[PDB]
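This is the structure, below, for whatever I ask next.
Complex shown without one protein chain; remaining protein chains in place.
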Amino acid sequence: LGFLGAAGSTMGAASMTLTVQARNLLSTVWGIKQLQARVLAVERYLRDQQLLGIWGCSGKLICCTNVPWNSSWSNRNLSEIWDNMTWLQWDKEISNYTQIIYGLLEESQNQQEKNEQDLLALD
Amino acid sequence: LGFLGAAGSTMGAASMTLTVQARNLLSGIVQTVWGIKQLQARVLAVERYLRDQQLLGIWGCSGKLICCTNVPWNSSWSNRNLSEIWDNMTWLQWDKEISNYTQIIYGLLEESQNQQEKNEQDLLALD
Amino acid sequence: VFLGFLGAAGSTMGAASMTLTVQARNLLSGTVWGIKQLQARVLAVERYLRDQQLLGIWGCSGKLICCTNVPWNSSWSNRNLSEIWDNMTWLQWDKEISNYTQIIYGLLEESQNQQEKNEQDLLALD
Amino acid sequence: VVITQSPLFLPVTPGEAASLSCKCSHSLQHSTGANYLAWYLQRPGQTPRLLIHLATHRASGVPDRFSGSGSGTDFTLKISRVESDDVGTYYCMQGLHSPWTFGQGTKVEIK
Amino acid sequence: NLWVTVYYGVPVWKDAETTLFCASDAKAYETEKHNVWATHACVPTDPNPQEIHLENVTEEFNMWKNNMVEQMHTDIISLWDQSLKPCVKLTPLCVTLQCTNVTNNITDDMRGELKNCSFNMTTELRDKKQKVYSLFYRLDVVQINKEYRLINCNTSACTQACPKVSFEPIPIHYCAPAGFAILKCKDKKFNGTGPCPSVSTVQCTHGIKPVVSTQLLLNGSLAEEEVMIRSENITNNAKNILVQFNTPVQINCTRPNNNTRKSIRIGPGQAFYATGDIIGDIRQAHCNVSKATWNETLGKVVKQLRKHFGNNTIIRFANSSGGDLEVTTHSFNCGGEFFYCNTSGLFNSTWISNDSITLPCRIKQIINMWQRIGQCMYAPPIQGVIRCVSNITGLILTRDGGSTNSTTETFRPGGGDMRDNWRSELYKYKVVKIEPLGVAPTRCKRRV
Amino acid sequence: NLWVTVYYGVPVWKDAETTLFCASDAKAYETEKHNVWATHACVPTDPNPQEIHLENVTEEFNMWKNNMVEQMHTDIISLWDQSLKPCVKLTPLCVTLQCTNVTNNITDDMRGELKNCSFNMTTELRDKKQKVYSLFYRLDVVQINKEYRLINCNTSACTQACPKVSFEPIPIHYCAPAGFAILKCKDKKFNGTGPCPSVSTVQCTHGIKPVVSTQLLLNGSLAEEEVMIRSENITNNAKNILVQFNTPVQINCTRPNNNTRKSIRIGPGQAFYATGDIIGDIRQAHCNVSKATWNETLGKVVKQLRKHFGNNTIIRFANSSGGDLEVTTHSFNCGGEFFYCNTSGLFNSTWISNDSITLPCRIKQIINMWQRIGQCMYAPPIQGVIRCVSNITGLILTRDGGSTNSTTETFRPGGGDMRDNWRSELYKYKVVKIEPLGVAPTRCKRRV
Amino acid sequence: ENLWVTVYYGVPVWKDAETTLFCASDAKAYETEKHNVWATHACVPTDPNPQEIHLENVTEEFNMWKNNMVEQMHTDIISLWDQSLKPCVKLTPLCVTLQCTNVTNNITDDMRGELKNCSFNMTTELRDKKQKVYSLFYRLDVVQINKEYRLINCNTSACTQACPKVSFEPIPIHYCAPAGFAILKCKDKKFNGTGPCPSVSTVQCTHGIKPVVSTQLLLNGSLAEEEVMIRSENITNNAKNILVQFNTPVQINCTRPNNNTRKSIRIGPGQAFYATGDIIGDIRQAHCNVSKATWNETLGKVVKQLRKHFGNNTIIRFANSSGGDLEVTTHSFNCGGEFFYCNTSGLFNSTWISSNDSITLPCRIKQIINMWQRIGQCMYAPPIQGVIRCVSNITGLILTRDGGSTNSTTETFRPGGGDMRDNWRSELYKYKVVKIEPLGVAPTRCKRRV
Partner (left out) sequence: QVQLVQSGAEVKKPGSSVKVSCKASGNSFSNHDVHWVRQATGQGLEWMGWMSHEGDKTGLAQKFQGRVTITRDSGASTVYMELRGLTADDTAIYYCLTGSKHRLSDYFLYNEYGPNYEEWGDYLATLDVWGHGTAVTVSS
């Protein structure tokens, strides 16, 4: 327990303590550097929220999508992870593919938007 | 009718005009080291606003003015009848009663919400 | 193929509506210059949260395309629906509704206020 | 820096008048123009007595019959209502230019 | 069966402290008056105030614990310094002066109050000096021992007030940031403390002129109905009583001397403004106020002081209990000239249950504002004669003595603190913080 | 039948004015050295800015109501003044000077243009003085009535420009912040106002060098196809007529004197760099420009001025009307030395329907840059021989005469205003703010 | 089976980062009513209690020689120092021609010829009259014009007199990472500054780090645990200093016995110069004391650890500095406001082969001070009345190896002042800053509805 107190737990156990780490993501020698430090917290915090908005995951801590998992991204089975791994240890393996996965999410949900809007009128 | 103009009306009538206040919690100004007074004021408003919005999110109440939850209302907090809480009492009066217990409630809500994400995840898995 | 930031400014309103995610993503982020920084940075946040603030009290938080209950009016625009989405562009369009934007944003507030109260009322069946 | 005086000798009778002249090497335009000029009168066996300083001021105890004038490279002194005691030698001393010096001397005797 | 439900945007608030920003009308900005109370810094004000009356609400104010006064104090001082930042420092004025009395036409009352001083002075060229003269008031030269010096030279050098700037007060509105509110008490008999039955809320305060004065509050806001007496602990002899007249007493101020301005160049691009010579006769500067309207006002003040001290008390007035010039006198500013009028003729009476009264006034130019030390200012002499008329809309009083429980109360004028001039304007306002979240029980549970 | 549908992200913009921020090439100038318009503190520019061309969107531009010009002016000035803040202030130099003519191997053209002055000044120890001498140009000194003084002593004390900071115009890129965009006009024949059919959007503007000059635009961007005449109201005489060339005109300018620099210690850590002595013959500065190249360029300018003033009009160029040197001569900077060339040899012709022209040039060291008063700067002398090979790319003209009858228009160079110098670079840019909220009807309805 | 991307927000993953950490001081310190150059008053108050969370199963890589917390602390300390001297008196008028003579009244043999008795003409508060004044200056502050002297700084730059209303005593300050970042603390006892840290923790602010400015000897610092640690960037180099950290502190007393008096000279409106009046009593030398028993063992502990790097059978020598300017060839510090320069040639001595005594270290004094190895930014430290004595304990050293080749039988280490950021690198060797990266993606068996 605590802020980042699950960094060495299994990835499955670390997923049950997301809130404690989300709450801590925001809030003249030492006077003007304050405004630089204060604002950078907001600009970084809004970056994460915006992505969760386009992806359709706004207002949630665990969110599911329609994107299938390309096996080439990581061949590890569903047991090795969530039971014998950690988020840092998981992060170090998906580094290359992260930038493209964010695009598949951003496109697979704009498909949902038009599809949803059409149904409301078609039906 | 104006901003904050329901302060003396009872919780029932005050809860019917939530939007007017919500639009005032942000952008309260028209827009040389003296100015850092005002500049820090603009940042202060944004810094508080994101805290209230985030706190709602981890309860599952994101994006709603009136939001229901599923954490039981402990009778110890106030045994007053609904016919009294919402009909002959005010928010400014109400906040005095539940000031002590507020910090505890904010934990129950975050505790219940974490279950919904877990509950929703498992259900979608069965597909 | 790409039509980057603002790239669809001259496209038909239907084709410009297909690329919202590129405009919405560029509205954030990106000693004389010391205050040329903070004022721009703080202002960028203030204007962004103002649009999300409006977009939240309408019942559209996080949605790029959001259908509302408020009915349209023929006085606001008399032309057909085919012309709007295939024979006009967004820059051309707002010139017409510019006379009526403020009144519409008012109607959307109340239309949301009824839903949340009704939603609470309907959940009292237990 | 040099100084000269004229006349060299002056035979005078009581009740008469006499005039003396003095010269300054430089036309030094400074210190009120007339600048610092000093006159002295001496007799054998007696120390000299100041007569005029600053070229226009009367020394204490000097009768009004003595007066002086001048500027630049030239200076002048005048005497009137002469009496017997006026005999002796008159010296003009330049007090502006360092080092300072006396004058050649002008003698006055009974006539 | 009840559950927790959350409402966002509820009308709830709590006491708080924050930074308020100034907003003024652009009338002074459009013509470039450049007041020391910078309107350039202050944001443009709204075309018309928007006030919302909060019915059925009760709020508890306290004019003495209000922090707006302590934030306005720092604002006013800071704006003062920023205006003096570029003005020429009079460091070369600390030389040995050689003064002689002026007697050309000096009337016996003012005989010996100003001196005619001459001194060496610098010039544009570094290898030359000039001999100049200037008239200095008696209070601004101390004999050094017919050789004087400016009184400030052993403590600090004064910056001469940029003659282009203006000291005239202009209204400045204090506005609340987002998420905060200002609540104005509108109860007429509100004594500055305790619950106020009637309340409203405003985005910005009413225009408040930062008038600097002493023993008399000028150009202020008038009360309504009756005269209001306010004190922090009115049974304490250490707390000043802030009166507020319901009608304005008018006071006329002037200095008949038709003095001339003279500019002296004390360096490259820098100038010093001497006092020249006075055309015509030299006489004393005084302040007038009607003796009849001032007599009735004390009659209305006394019947309110009775209620807090008894009906049988003999209410007596006296003049200031000695001390410094800046505190024993009604010191104000009008037209760039700093008056120090002697108010011993206003507070002299005993109440046991046309014509004017004239107040001699002195003048000085070495000025130490805000009760600071080592930060003097030199006010340039002004061309011609000066005149000005103003309200008198309140007093600052103090008691003295405890010989008896209640027999005779003597109230002297005070003014030892500069904040009280502003506590008499912000007593209606308090700053609050809005907390929009709120949780209450209702019959509603999340579906699914 | 139809309902309101709100879209967030629509491409809609409106004209607005905000604050742009600088950005420099950074790595392109590695091993950076300090200079005005600091290369550091500017966000480094991306190696490949992304320009996006917008298909059949027509925007109405206006180069004379542009606000990027007004912000650049207040911005270039600010960077200039903040660089002189730490350098030496030459108050001790405002002393009596004793100057004699320079005749050591001097040409008749430069007979008496530079004096030779000796003056007294203190040294590192304040109680001891030193006697020093320096060479001063005749434009910098004024007689006092053999005794001269620097021309600025009765107005202000100049600051000596630091020798480690250069005046080289490093390019700058103006960037608009998040939520804004910058529209470039791609039309070849766009006359600065009215619709521009071809439009595009960029993150930052191209490299703009703040070259300060007069009546000749140096090192500027060329017209892509043709000489373009741009003015706010061509039929107005009181409006300067901007001209842009489609081909540069080389101008070789030099200072043929071998000046030496000398350091005089005026205080702890402070040195005033005097002009030691000239090694060799003393000859005036000058610029060269090919007679055949220029006479061709003026041919095109007339060929286009005719479009606005008719086929048959006779067009005569004449040298400047008059005024102070700062406005009546082609003033500029070349290697840190400030030149003022007499351009009467360029604008001299009458037009009906190998050899290099040499322009005599003067020099100064007391510089007033932005037409202000009291903020002179002392540019220290540069040792050696100066030379610049910039090429010309525009003109700032004016016209005169004519009232109900005219047959021959006369044009003269002019324009001391500096924002007209950068208005030639930002004429194809404007800033707009994006408005992502849009409401349009659609057949969909909300479920509940 | 199949799997779909799942988005988790709030995951515990971080990456190294550099940012601006803000200060945090004890609230009670403000009540002292006197400001200090470190501007603790403007620094944020500290939290009432420390919040630290232990992280199991986590290994992290640290590097004290590329940590950026030191480079920020160096700039903050320099920036704070300058801001405190901006409003204080500027001693330009003191650059005049002095006339000096030796002081010989009750002069100790060692101290003879160090203190001068200088007299000069000075302006008074009036800009016309002048006053004849005198003041005592140490020999290191004045030079002869080539009986007639001048201050040493006049041909370089003027100095701003230190305000007597601001102190130099260190006040502990904590560095706190703002929101979105964190600070990782290596809790290993035997951490050598680089590589894995088996034990780690996260804290909201660093421990109280006193910015003690000293040379050749790290005073009032933190002590090690269970051993003496040798920490070098590349131990087998010669241009890299060695930061020894002592296991057990060794006390060092120092004194300035002279009973000197302060004297105010007014040199302008409201601005005064604090000169030195005639001394009271004898004139002696300043000095520090070190117990030879504790210093003899403390080098015994140091030599044993050094045998683990350069050899088990090498002959370890020590020598007296390298030579140079006082600011590098002596142990410099300030005790009470007076700046000492102590000759530590007696501490480093004797060779290693494999109860009531003391070591007296003579110390010079100075008043015109260049602090941060900067040119043209001198300061003048006003004199302090009365004997000043300080007691502190050493906790480390900054050594340097001479690099002998082909004769490795002996390695000789000399003390070195190095850079001033090595002084604070010895306290931030446990800390590194990491940027939290909440967004993560992993596959699961879930999918979206409809």
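When the chains are written out, they are named A, B, C, D, E, F and G in that same order, and each has its own residue count from 1.
To be clear about the criterion, a residue touches a chain if its C-beta (ideal position, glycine included) is under 8 Å from a C-beta of that chain, and two chains touch if they have at least 3 such contacts.
From the options E:127, E:147, E:324 or E:400, the residue with contact to the unseen chain in the full assembly is E:127. Of the listed positions F:129, F:146 or F:372, the one in contact with the omitted chain in the full complex is F:129.
When the omitted chain is restored, the residue from D:21, D:42 or D:69 that touches it is D:42.
Touching the missing chain, out of D:66, D:75 or D:91, is residue D:91. Residues of chain E that touch the chain left out of the display are 91, 122, 126-129. For chain F, the residues touching the absent chain in the complete assembly are 91, 95, 120, 122, 126-127, 129, 267. As for the chain not pictured, it touches chain G at residues 90, 92-93, 95-96, 121-123, 127, 130, 158.
Here is the rule we go by: only the chains that are shown with their structure count from here on.
Of the two chain pairs considered here, A-B and B-G, the higher C-beta contact count falls to A-B. Mean C-alpha position of chain E lies 50 Å from that of chain F.
Here the spacing of chain A and chain E, counted between their Cα centres, is 59 Å. Within chain F, contacts with two or more other chains are made by residues 5, 442-446. In chain D, no residue reaches two or more other chains under the touch definition.
Looking at the complex, you find that chain G touches chain E at residues 125-129, 266, 268-270. Residues of chain G that touch chain B in their complex: 6, 444-449. Of all residues in chain B, those touching chain E in their complex are 2-9, 11, 14-15, 18-22, 24-31, 34-35, 37-38, 40-42, 44-45, 48-49, 52, 55-56, 59-61, 64-73, 78, 82, 85-86, 90-92, 94-95, 98, 102, 105, 108-109.
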